[PDB]
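Missing here: one protein chain of the complex. Every other protein chain is in place.
The letters A and B name the chains in turn, as written, and every chain counts its residues from 1.
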Amino acid sequence: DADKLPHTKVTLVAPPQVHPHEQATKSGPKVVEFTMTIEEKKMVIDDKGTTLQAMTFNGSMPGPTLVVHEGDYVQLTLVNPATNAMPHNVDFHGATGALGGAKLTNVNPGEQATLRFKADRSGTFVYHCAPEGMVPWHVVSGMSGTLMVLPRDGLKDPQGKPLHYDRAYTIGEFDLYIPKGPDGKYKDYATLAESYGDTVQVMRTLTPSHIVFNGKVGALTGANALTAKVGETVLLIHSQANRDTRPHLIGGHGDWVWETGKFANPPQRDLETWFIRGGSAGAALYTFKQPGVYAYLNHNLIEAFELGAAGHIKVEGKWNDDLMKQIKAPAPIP
Amino acid sequence: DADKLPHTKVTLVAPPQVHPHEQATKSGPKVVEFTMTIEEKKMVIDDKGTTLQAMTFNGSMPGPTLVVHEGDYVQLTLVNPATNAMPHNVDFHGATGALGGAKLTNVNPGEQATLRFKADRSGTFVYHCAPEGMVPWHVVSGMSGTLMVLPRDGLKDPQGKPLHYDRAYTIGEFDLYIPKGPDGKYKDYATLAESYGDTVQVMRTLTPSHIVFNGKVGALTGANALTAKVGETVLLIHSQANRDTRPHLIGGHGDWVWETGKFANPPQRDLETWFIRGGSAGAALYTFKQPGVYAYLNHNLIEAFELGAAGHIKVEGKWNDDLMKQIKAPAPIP
Partner (left out) sequence: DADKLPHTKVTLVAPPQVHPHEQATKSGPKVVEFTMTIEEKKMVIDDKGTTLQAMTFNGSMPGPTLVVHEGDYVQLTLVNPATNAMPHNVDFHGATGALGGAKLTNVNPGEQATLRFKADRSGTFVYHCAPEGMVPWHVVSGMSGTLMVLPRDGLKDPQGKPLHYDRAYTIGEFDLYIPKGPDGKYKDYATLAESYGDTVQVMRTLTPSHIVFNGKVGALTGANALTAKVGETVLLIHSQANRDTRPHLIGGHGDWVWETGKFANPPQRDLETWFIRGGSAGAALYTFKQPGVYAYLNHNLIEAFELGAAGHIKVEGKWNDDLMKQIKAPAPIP
């Protein structure tokens, strides 16, 4: 009985970090409590001042990543403050019933609600807002994130050998549909509601104006780069709640990848580029062997370099000439 | 020798149903006879009167699902009545040789032909019309469906345990390319031939005007919902002959999924969203644990909610508070 099980209260952290957690654990099922507060706000999404009338869980795109173990129960309190304009809810792809919880979490501004569900399937799963009649708008405006349900004994390779990571990063990729006026410039809206009609028209073209990691062009580049060192194993969680993407680590690989994101299935190894289906989260493990600045991107290179779907990983350590060596540097042709 | 084998005559039924069949069977190879009759007709495809100059097998989009077992021979008589305007044929992705049968089944209006092939590979396979020089037009206008070749001993999980379904549903998803006039309204054509030029121009933009399950926006919603009950296992067959899609069951999962659709391969479990490659059919098993109205949709939510790629499943039974419980209903924030 879930009512009898012990409870824990997890504190969420902002992407791209993931709140501390055990991988393999000796604990039995618990009811893990989370709270998220919805924030509608106007956000600058590129380096030329373009704005999005955005909607978020906890003020971030993506929302924070929630981590539990298979057999736990997720107990979320969802808060929609009176300062917001729209109704909201939450659909957990990791949950069973009632449209993922959406039917049980409809909160108008000034309201909150608490949902419990059993996390009985391991994997990374999208959660997103889904208010009746407004679903794609709320999703593309920023209302999604990841629930990671780890196996109780941690991640395993296809032969059952234990796989372990030193840190986890969470990347949410957002296809944005920002309207333009007759002058060809992006529109700037005074309120969230005023953006709706024009945005739906752009959405229907199926052509994003921007595709961004974690809420903005360059959100994870230069100074905001993810970090690691040679010998470190990272888990890269990638969510896309609305549209396909194809992650790639430039100069690296997916050592073990669950592209459909479900840990009871064997991962694939040595991937150059993997595939996250729109409406899902997937995960890749990589152990760094070389130092330097890597790019992590959507390998539609137009989507990456022109539209914004690219970040960096800065990696410290010693160079390995066995793996790669410049034999002859750029020089005149003889 | 196939000429010596016994014959059966299957009666096809309209989607979303699939004609009755055995899963595991004790019978040996048979020549299974089918007949399909092509119907060109003008169909209303949305709730605002938009029409498609459509082309169908048996009057439906998709055409009916044909079901045989591995080792059987499919013997199809394809009829093109004199009331039709165009030539047609059939390409079975489940068949080997002669462009899937297309080269052997070219029928002008007033003609019919009979094709036999060995169904020697298990899986769900697209069949579609493919007249030389007219292939994509006939496909996007509605001429596709599924051939399901079941293993003789039924479906199996990755460890070889038997998997069984209580009912099968077939969903064909159709990316439509309906032209517009200078006034921005969809064009209405007096004849099939008159629609061709304008439609090709829309096709070349790679942007569907509509994306519909089973021939129309809302074809499987509200009153036309698929049905099931708690404890029932359903097989959801999903075909897309021209364009990728990403099926998702809201509030459910793919318990076992063959997204590439070929039953000799191990399925994946616990999928939130799967991927049907354009030019293929895939299949998912799910056993319902919760009652209520589910949505089954393409999880590009714009494609689903704006363009039409969404249906419903109404499920009877008793609610399970262990799996999901509303702890605190929507109420004022303290």
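Basically, a residue touches a chain if its C-beta (ideal position, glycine included) is under 8 Å from a C-beta of that chain, and two chains touch if they have at least 3 such contacts.
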item: Per the touch definition above, residue among B:13, B:99, B:230 or B:329 touching the missing chain; value: B:99
item: Touching residue (missing chain; options B:122, B:170 or B:214); value: B:122
item: Chain not shown: contacting residue from A:93, A:138 or A:253; value: A:253
item: Residues belonging to subunit B that touch the chain removed from view; value: 1-2, 75, 77, 79-82, 91, 93-108, 110-118, 120-123, 125-126, 130, 135-136, 139-140, 200, 203-207, 241-244, 260-262, 264-265, 275, 277-281
item: Residues of subunit A (touch criterion as defined above) contacting the omitted chain; value: 207-208, 244, 246, 248, 250-253, 259, 268-275, 289-290, 292-295, 299-307, 319-320, 322-333
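To be clear about the criterion, only the chains that are shown with their structure count from here on.
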item: Inter-centroid spacing, subunit B versus subunit A (mean Cα positions, whole Å); value: 31
